[PDB]
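Trainee: Residues per chain are reported as follows:
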Amino acid sequence: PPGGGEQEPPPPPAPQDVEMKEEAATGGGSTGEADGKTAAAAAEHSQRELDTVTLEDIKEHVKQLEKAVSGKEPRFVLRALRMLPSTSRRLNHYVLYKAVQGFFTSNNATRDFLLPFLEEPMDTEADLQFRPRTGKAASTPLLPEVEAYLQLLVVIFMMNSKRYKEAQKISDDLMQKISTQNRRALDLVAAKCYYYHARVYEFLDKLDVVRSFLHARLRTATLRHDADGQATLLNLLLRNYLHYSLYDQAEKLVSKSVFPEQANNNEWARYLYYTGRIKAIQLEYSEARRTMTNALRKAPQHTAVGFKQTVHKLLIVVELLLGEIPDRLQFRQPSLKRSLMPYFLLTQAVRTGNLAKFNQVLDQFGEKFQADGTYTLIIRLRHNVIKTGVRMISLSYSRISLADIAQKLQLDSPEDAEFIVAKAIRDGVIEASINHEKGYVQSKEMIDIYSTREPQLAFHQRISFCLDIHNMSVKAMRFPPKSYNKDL
Amino acid sequence: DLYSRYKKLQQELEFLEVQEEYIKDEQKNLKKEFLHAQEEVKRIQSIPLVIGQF
Amino acid sequence: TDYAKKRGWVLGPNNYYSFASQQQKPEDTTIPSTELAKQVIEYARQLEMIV
Amino acid sequence: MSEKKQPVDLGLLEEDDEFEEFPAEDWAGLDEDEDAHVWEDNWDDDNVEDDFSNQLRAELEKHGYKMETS
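The listed protein sequences correspond, in order, to chains V, D, d and e.
Residues in the first sequence are numbered consecutively from 18, following the entry's author numbering.
Residues in the second sequence are numbered consecutively from 39, following the entry's author numbering.
Residues in the third sequence are numbered consecutively from 207, following the entry's author numbering.
Residues in the fourth sequence are numbered consecutively from 1, following the entry's author numbering.
Here chain V stands alone, though its shape is the one from the complex:
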C-alpha cells in the first residue's frame, strides 16, 4: 500500500502537460496559422501533423490509466462554443473546466461515454464557422486514442467510430469537396482512418464495402488533384490486392494512370514496394531489381531497419534468381540479421547449387519461409538451381565435357548437357557459339565490355539519361529556391 500508493499521483501528472500543450500547440497553431487565409498558406501543418502522428506512434501512453485516470476521456476541445462572437467568458471557461477537475477529484469511467460524441457536432463543433477544420481537428486525433487497444470488444466500438467518422464528414462530406488545406488534409486523414480500421476490416471481414466505395471517393476528387492522397487511397487498394487478387486486367497496367506527383517522402518507397511485390511474381530481373533496391534505400527518416527487412527479404529472394546474390553487406542492424538467420544457409546454398543435398536442406528446416505461403519462388528456385549453377558455368570456361563438367553439374548424358545448356542459349543473357566439329560444343564466351567496342553508341544513352537526371536535379535546385524567395 505505501509503494504504489505514494508514487501513484506522481508519475501520471506528466503526459498531461505534453498532450494538452501539444493539442493547444497544433490546434491553436493550425487554426491560428491558416485562420485568415487557409487557401494561401497550404500544407505547412502537413509535416507537422504527420510528425506528431509518428511522434505518438511510440506512445507508452496507457499502461495503468484504466484505473481512475480516465478523466481525460470525457473532456475534449470545448473551444469557443455556443456563440461565434463574445468568447471572452469562454476564455475564462478554458481555465474553469480544467480547474474543476483539479480541486478534489472527478467522477470518471472508461467505456460509458463513447456514443454521445456527436452532441457538439450536431449544433456547433467549435465555432459554427471553421466547422470542417475544427471538426476533423477535434474528432480525428482522439479516435485512435479511445480506439487504441483494438482487441477486447473495441472492434465494435471501432464500428461506432467508423459510422461517426462517415456520419459527420466522410459519408460524402459536409461540403462535398472542401477544396482547402483540410481537404488536402482530409485525403490522408480519411486514408489513415481507413488504414486504422483496416485491421478491424481484415480482422474478420475482407474486401466488400468502404473499399468498394473508395474507388468512387477515389474519383470524386474530380481528377484535377495532385493525387497525393489519391495515391495513398490507392495504396490500401493495392495492399488489399496483395493477399489475393491475382487478376491483372485492371490494377496491373490499368490502374497505371498519369503517375502523378506522388511524393510524401514515404509513398515512393512503400508504393514502390507494393507495385514491386506484385511485379515480383512474373520474376522481373531488370526493373524491380534496381527500383525495388531503390525503394529499400528510401525512407531513411524514422527507421531504415524495422520495415525494410520485407523489401530486403523479397529483394534478395528475387536477386538469387539471377545467379548473383549479394548478401547483407553494408547495412548493420540486428533485425535484418535475425530475418536472414534462417535464410543464410540456403542463400549460401544458392551458388554451389548441389541438387540432392540442398533440396533436403530447404524443406528440412523450412518452417517460416515455407510457411510464408504456397512455396512459389522457392519452387521455381528448386529448378533454378541448375540454371544459376550453369550460369556460373557460363562464368567459367567454354567447352563442355561429358565427364568433368557434366558430372560436376550432376548431369550425366550427352543429350541433356547440350540440351539444357541450349536452354541457357535460348535465354539470350549469355554469349555462346554452338559448334559441332567432332561433337564437342564450343562457345566463344566473349564477355568483352564495350571498352574499345562501340563506345559512343554505348554510353551515348548513358550521357543522355544521366544528363537528364542531373539536369532535372538542376531544375530541382532552381525551383525550391523559388519556393524560398516566394514569401520575401
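One thing to keep in mind: the hints can contain errors.
Stated by the list, open to error - With a Cα cut of at most 20 Å, we get these calculated SDA-like pairs of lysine to any residue:
(1) V/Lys-385 - V/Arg-399
(2) V/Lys-385 - V/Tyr-360
(3) V/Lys-354 - e/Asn-42
(4) V/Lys-492 - d/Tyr-249
(5) D/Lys-62 - d/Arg-251
(6) V/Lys-76 - V/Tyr-166
(7) e/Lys-5 - V/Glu-77
(8) D/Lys-62 - V/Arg-495
(9) e/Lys-5 - V/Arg-314
(10) V/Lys-354 - e/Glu-14
Stated by the list, open to error - Label pairs and their computed distance ranges (CB to CB):
(11) D/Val-56 - V/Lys-54: 35 to 41 Å
(12) d/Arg-251 - V/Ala-165: 24 to 30 Å
(13) e/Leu-30 - V/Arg-236: 53 to 59 Å
(14) V/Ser-272 - D/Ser-42: 38 to 44 Å
(15) V/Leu-339 - e/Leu-56: 24 to 30 Å
(16) e/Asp-51 - V/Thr-393: 27 to 33 Å
(17) V/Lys-492 - e/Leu-56: 56 to 62 Å
(18) D/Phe-92 - V/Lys-54: 54 to 60 Å
(19) V/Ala-475 - d/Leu-253: 37 to 43 Å
(20) V/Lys-54 - d/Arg-251: 34 to 40 Å
(21) V/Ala-165 - e/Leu-56: 57 to 63 Å
(22) e/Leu-30 - V/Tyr-261: 36 to 42 Å
Said to hold, decoys possible - Residues on chain V that point at chain d, a partial pick, calculated with CB under 8 Å:
(23) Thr-469
(24) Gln-473
(25) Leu-474
(26) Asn-488
No lab work stands behind these hints: they were computed from the structure.
Positions of the beta carbon are idealized from the N, C-alpha and C atoms, including for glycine.
For chain V, the structure is supplied; the task is to place chains D, d and e on it using the hints.
Mentor: Chains D, d and e only, in chain V's frame:
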C-alpha cells in the same frame, strides 16, 4: 458577385499571365546588361599603371 | 517439310545452315551525330530556357 | 503510414519469441570473432569459409601430397 467572381477573376488571371513573359524579358535582358557593365568596369582595369605602397 | 516452307532457309549437304547471324555492318555515326546535335540543342534548352 | 510497421514488428516479436537469446549468444559466438571486423570482408571470408566449411578447408597441407600424385 458570386457568378460574376468567375469572369471578373479571369481578367486577374490574364493580368497575372502578362507578367510572365515580361519577367522573362527582364531576366534575359538585365543579365546581359550585367555583363555589359561587368565587362565595361573590367576594361577600366588596364595593365599600364603606377605602383604605390600601402 | 513444313520448316522448309516455314523457315525458308538453305538446306545443305546433310547439314542445317545458319545465315544472317551477326552479319550487320555498323552505323555511319552521322545520324547519331545529328541526334547528338539535337541533344546539344536540348542542352542549350534545358540549361538555358528560363535563364 | 508506418503503422503497418506495427504488425510486421509483431511478427518480429514472434521471431524474437521463437528463441529467447539463444541465437544472440550462440551467434554471438561467431560475432565475438566477427565484431568490429568489417563485415564486407566477412561476406567474402564467410563466402569462401562456408564454401570450404564442407570440404578442403585448409587444404594447403594437402597440396604437398598433390605434388607427387598430380
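Trainee: Confirm or reject each hint.
Mentor: Cross-check of the supplied hints:
Between V/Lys-385 and V/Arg-399 the alpha-carbon distance is near 17 Å, which keeps this suggested pair within the 20 Å criterion. Proposed proximity of V/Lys-385 and V/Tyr-360 is supported: the alpha carbons are some 10 Å apart, at most 20 Å. The straight-line distance between the Cα atoms of V/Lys-354 and e/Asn-42 is roughly 14 Å, inside the 20 Å bound, and the hint therefore holds. A threshold of 20 Å between alpha carbons decides the hint, and for V/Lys-492 with d/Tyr-249 the separation of about 13 Å falls inside it, so the pair holds.
For the proposed pair D/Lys-62 and d/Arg-251, the alpha carbon gap of about 15 Å is at most 20 Å, so the pair holds. At roughly 12 Å between alpha-carbon atoms, V/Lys-76 and V/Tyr-166 fall within 20 Å of each other, so this suggested pair holds. Pair hint e/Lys-5 plus V/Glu-77 holds up; C-alpha atoms about 17 Å apart against a cutoff of 20 Å. For the given pair, D/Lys-62 sits about 15 Å from V/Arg-495 by alpha-carbon distance, which is consistent with the 20 Å threshold.
Among the hinted pairs, e/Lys-5 with V/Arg-314 is consistent with the structure: their alpha-carbon atoms are about 16 Å apart, no more than 20 Å. Using a Cα cut-off of 20 Å, the hinted pair V/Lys-354 and e/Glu-14 holds, with the two alpha carbons roughly 15 Å apart. Checking the proposed 35 to 41 Å range against D/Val-56 and V/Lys-54 shows it is violated: the Cβ atoms sit about 25 Å from each other. Between d/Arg-251 and V/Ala-165, the C-beta spacing of about 55 Å breaks the proposed range 24 to 30 Å.
A hinted range of 53 to 59 Å holds for the C-beta pair e/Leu-30 and V/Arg-236, which are about 55 Å apart. Distance hint check for V/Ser-272 and D/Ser-42: the Cβ-Cβ separation is about 41 Å, which falls inside the suggested range of 38 to 44 Å. Separation of V/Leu-339 from e/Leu-56 is about 28 Å and conforms to the stated range, judged on CB atoms against 24 to 30 Å. For e/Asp-51 and V/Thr-393, the hinted distance range of 27 to 33 Å is satisfied, since their beta carbons lie about 28 Å from each other.
Range check, V/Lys-492 to e/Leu-56: about 57 Å between beta-carbon atoms, so the 56 to 62 Å window is met. A beta carbon spacing of about 57 Å between D/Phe-92 and V/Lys-54 agrees with the range 54 to 60 Å that was offered as a hint. Take V/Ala-475 and d/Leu-253: their Cβ atoms lie about 24 Å apart, and the range 37 to 43 Å is violated. Checked against the given bound of 34 to 40 Å, the beta carbons of V/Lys-54 and d/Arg-251, roughly 37 Å apart, stay inside it.
In this structure the supplied range 57 to 63 Å holds for V/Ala-165 paired with e/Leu-56, their Cβ-Cβ distance being about 59 Å. In this structure the hint that e/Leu-30 and V/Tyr-261 lie 36 to 42 Å apart at CB holds, the actual value being about 40 Å. A distance limit of 8 Å between C-beta atoms decides the matter here; for V/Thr-469 the minimum to chain d is near 13 Å, and the interface restraint is violated. Checking V/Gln-473 against chain d: minimum C-beta separation of about 7 Å stays under 8 Å; hint holds.
Interface hint at V/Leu-474: satisfied, since its Cβ lies 6 Å from the closest Cβ of chain d, which is below the 8 Å cut-off. For the restraint placing V/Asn-488 at the interface with chain d, the shortest Cβ-Cβ distance is roughly 5 Å, inside the 8 Å limit, so the hint holds.
This entry does not satisfy hints 11, 12, 19 and 23, going by the numbered hints stated previously.
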